[PDB]
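Letter by letter, the chains look like this.
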Amino acid sequence: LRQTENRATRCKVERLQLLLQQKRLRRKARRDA
Amino acid sequence: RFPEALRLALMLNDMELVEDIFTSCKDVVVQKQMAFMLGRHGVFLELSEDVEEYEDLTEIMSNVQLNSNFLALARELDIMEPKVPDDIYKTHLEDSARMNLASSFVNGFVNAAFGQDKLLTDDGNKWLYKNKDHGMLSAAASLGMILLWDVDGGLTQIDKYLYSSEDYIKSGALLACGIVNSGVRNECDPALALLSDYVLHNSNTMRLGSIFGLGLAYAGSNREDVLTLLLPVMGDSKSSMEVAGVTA
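Heads up: the sequence lines are chains y and f, in that order.
Residues in the first sequence are numbered from 380 upward in steps of one, following the deposited numbering.
Taken in order, the second sequence gives residues 261 to 354, 366 to 519; the numbers are from the deposited numbering.
Calculated from the structure, these hints are not laboratory results.
It is possible that part of the hints are untrue.
Unchecked claim - Some but not every residue of chain y turned toward chain f, in silico, with C-beta under 7 Å:
#1 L398
#2 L404
#3 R405
#4 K407
Stated by the list, open to error - Derived pair list, reagent style DSSO-like, types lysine-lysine, alpha-carbon separation capped at 27 Å:
#5 f/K292 to y/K391
#6 f/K343 to f/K292
#7 y/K402 to f/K343
#8 y/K407 to f/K343
#9 f/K389 to f/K431
#10 y/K407 to f/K403
#11 f/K403 to f/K389
#12 f/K292 to y/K402
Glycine included, C-beta positions come from ideal geometry on N, C-alpha and C.
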């Protein structure tokens with residue numbers, strides 16, 4: 380349980396970092412305009 | 261007089277009336293000003309790519325820039341100096368879980384969204400070593416407060432240094448995400464997605480922490496997605512009455 384749970388946590392972490400970088404890109408793009 | 265018109269519109273509890281007042285949008289300056297008030301009050305506007313200045317008004321209401329503006333003001337008369345619990349105190353004028372967590376709480380209160388960074392890591396390691404009884408996720412949520420509204424810095428720091436074993440530490444990550452997103456509006460669901468993912472985990476206390484983080488990340492948002500995700504799992508016969516109450 381521990382290993383699978385931590386692996387899923389990490390996978391979700393990379394997905395969240397993808398979302399975060401997308402947010403940065405869009406936010407800075409709109410800021411500069 | 262749109263700004264104070266909107267103020268009285270909020271005073272009268274009718275989001276429909278508030279939207280009607282906001283609709284006019286005859287002036288860009290006043291439109292942005294009233295968007296600022298709506299965002300600060302946290303009232304959630306409803307529209308899409310259908311009007312002028314839609315993007316900037318949406319960002320204003322969502323409060324994406326609040327953290328940057330706060331940090332900018334702090335830089336002006338820079339106050340980005342982490343302070344030791346004793347320094348906040350003055351003990352010089354004259366370590367169980369209890370006082371360890373108390374000091375962590377004091378540090379979190381004093382350093383609000385200032386990015387403690389080095390002192391952050393120092394106290395993090397301290398209370399991680401002092402993990403004992405109630406040396407639980409509490410201090411991780413404390414780090415969350417130190418990174419309050421710091422979607423960038425808070426999320427990054429917790430992600431790189433958190434999770435793993437110690438379901439209490441994972442609940443700490445969940446509540447840190449919730450704190451970071453608290454009063455922070457954005458279509459992205461960095462807290463909502465995670466807390467919904469780990470809502471159904473058997474661990475009673477970790478599930479409790481996840482649901483608390485989910486509630487407090489978007490407290491007052493008033494949307495229906497998380498309500499539909501949570502109300503079905505209100506039934507806590509399989510869990511504890513404290514879990515029922517906190518979900519409520």
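Here's how the hints hold up against the structure:
At a threshold of 7 Å, the smallest CB-CB gap from y/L398 to chain f is about 5 Å, leaving the interface hint in force. Given hint, y/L404 at the interface with chain f, is violated; its Cβ is 12 Å from that chain's nearest Cβ, farther than 7 Å. Against a cut-off of 7 Å between C-beta atoms, the interface hint on y/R405 is violated, since the closest Cβ of chain f lies about 9 Å away. The interface hint given for y/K407 is violated, since its Cβ lies 11 Å from the closest Cβ of chain f, which is over the 7 Å cut-off.
Taking the CA atoms of f/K292 and y/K391, the gap is near 36 Å; set against the 27 Å cutoff, the hint is violated. About 37 Å separates the Cα atoms of f/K343 and f/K292, which puts this hinted pair outside 27 Å; it is violated. The straight-line distance between the Cα atoms of y/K402 and f/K343 is roughly 32 Å, outside the 27 Å bound, and the hint therefore fails. With a C-alpha separation of about 32 Å, the suggested pair y/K407 and f/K343 falls outside the 27 Å cut-off, and the hint is violated.
About 15 Å separates the Cα atoms of f/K389 and f/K431, which keeps this hinted pair within 27 Å; it holds. Among the hinted pairs, y/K407 with f/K403 is inconsistent with the structure: their alpha-carbon atoms are about 43 Å apart, more than 27 Å. Taking the CA atoms of f/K403 and f/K389, the gap is about 23 Å. The hint holds against a cut of 27 Å. Distance check on the hinted pair: f/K292 and y/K402 sit about 22 Å apart at the alpha-carbon level, within 27 Å; holds.
The structure does not agree with the numbered hints 2, 3, 4, 5, 6, 7, 8, 10 stated previously, though it agrees with the rest.
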